[PDB]
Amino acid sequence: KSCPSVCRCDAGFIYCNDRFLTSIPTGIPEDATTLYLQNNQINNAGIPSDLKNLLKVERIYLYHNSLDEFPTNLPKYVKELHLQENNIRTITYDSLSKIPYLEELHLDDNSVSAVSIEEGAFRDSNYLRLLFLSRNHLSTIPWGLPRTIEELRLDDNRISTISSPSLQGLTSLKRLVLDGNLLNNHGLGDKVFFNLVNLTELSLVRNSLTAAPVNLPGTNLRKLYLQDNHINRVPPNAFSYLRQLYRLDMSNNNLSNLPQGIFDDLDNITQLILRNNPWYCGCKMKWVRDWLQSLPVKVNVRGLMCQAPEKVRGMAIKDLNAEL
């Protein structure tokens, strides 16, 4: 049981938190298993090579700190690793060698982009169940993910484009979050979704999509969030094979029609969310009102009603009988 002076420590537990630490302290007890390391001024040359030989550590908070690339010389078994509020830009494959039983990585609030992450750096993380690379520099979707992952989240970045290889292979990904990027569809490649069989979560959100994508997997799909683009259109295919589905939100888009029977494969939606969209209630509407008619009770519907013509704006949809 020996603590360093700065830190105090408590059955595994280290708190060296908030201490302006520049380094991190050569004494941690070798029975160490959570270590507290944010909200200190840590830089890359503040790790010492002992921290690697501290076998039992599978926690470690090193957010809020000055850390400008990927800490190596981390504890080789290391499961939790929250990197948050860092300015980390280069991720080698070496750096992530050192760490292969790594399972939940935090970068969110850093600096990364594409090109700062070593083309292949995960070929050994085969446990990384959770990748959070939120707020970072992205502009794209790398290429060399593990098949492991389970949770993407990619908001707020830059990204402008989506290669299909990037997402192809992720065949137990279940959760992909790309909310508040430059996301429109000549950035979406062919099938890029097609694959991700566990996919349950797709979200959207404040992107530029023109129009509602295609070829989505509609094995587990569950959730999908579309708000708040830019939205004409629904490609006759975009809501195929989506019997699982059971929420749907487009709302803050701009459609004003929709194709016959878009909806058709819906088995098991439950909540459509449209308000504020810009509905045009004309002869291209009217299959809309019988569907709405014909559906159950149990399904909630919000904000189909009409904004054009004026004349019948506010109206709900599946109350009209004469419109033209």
Given for the second form:
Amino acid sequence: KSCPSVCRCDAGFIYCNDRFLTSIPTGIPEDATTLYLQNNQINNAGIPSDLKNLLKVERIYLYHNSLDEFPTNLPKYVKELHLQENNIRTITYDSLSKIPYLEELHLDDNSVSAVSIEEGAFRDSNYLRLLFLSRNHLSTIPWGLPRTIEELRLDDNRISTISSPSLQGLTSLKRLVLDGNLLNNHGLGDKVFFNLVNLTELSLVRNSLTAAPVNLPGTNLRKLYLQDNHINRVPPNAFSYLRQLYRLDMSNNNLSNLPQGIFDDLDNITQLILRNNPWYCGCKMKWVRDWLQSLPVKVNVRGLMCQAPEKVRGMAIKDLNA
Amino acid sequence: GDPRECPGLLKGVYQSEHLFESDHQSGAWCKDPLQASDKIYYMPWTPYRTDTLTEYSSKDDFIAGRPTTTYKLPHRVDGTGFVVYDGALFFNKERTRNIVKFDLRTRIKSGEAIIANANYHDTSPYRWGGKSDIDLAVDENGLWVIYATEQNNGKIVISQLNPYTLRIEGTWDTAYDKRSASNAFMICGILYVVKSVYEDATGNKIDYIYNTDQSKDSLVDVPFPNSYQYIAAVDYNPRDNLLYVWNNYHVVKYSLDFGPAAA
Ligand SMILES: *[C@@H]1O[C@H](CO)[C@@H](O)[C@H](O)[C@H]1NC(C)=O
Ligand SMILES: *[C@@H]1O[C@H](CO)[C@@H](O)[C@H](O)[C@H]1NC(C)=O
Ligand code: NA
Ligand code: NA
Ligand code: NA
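Next up, the form solved in complex with the partner chain in place of the form deposited without the partner chain?
The next block holds the full complex; its first chain is the one shown before.
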């Protein structure tokens, strides 16, 4: 059991964190399982070639370091790579291929863009399930994302358009987060989400959505987050075929009408959250009262109250006569 | 019932109440000892996604799954270490060594503080992981934080925290390797450290105490209940002298037996 004189080693956990390191010290034992290298000044030239031979390392924590390209010379069997808060710009096939067993990649707070990711970079990442790209320089969703991805976070980027090929064939994806990007209804491509058979959660919070998107996948969708947009209307087919949808949330949106029957396909809608919406209460909303009176006991609905006209502003919709 | 009067030195721990089985293996729950009403606060642990605090107005509502409100937090949370104290939530902000204070009446972050040199984000968690590196605790003496540093070779460090300025008021290094502990809690300024079996060290007991009044520590052996073999949270409440425990999806409370106090 050797240990770098600068580090602390305990039963496979290698603590080299917060130690003003510009390179990884010599002397990490070959039974190392977890490398704590966070809160250092390590750059790519600081990662020695010998590191690749630490065959038992499954997790590397390299967040808050000085990497400006995807790290190379990594232990071959590493499964979890935490790279948040580096200056990483570019991802290449050579770097990704060298760690074929990677399951979890956290790249939050880096400078990755679509053009920076080499074409086919992920072709050999046949085990990658979790990819976090929050707070990067993405303008679009990269093409060629591994077909095995289950969770994809692209929040707080500058995404403007989504191409159907980019999400095409991501049949295992169940969680997609697109919060805080520059997406318009115009930006969403036709049927971009349609073929996400396994998708369970779709989050579009804090985008610039004006109308609820359409052609959402129903086979598996259970949660859809549209809160904190400016959605004035619900197209008649916005919730068509969403037979598994469990929670739907359009709080904090400019909803004044709900056309009759938009929830007709919501067979499983357990929690429906419609608070913080400017509900106009007139002829067109009479159905709501009845639909809420006939609403099943298990279903929990909240947030439906009149704001216009002035006379009945603030009065619960499910109670008004006319 | 007096949350500022020391009940003594802990001598025994007993299962008291089994409330229900959560849908999440790990999490924490508690009451606010400086709050007159019987509110319950609930935060299941969901990796990479823990960002809400749920509030129930009664035990019946809690068991029925009927929240009074849910608080959307301004940042994600690491681990199961949160507390609620005089109407504020305190929690470890995800992938930081910082405590955030979030006022519940106004739903606004009212403070943040750095816990100097604390390891964080699955570096010195309790034994089950879950980014449980930093654990808050309330007792008769006030607000505490339980963590580890590399200066103390990964062993538990205790700091007393000012609940309004968020400045460390005192710091003590213990002799106990934090990752070896299942959990820990404070009573009367004494740290009690739990060792227990996990489903996947054959003893379930409090095997170590550190007394911050004296800066003195010792080995002990107080049997500690562990029916489900996955302790994710242990929170002491100085108002009712109970432990609020989350064990392998089970939300339960443990009663305590005390003997004459230490210095
Ligand atoms: C989609 O999810 C189901 C869940 O039952 C899983 O069995 C299936 O493998 C997933 N799709 C693919 C292509 O793996
Ligand atoms: C949910 O939808 C399924 C069809 O996919 C249906 O069989 C079921 O009855 C629905 N849930 C409820 C509670 O009715
Ligand atoms: Na007391
Ligand atoms: Na706690
Ligand atoms: Na605790």
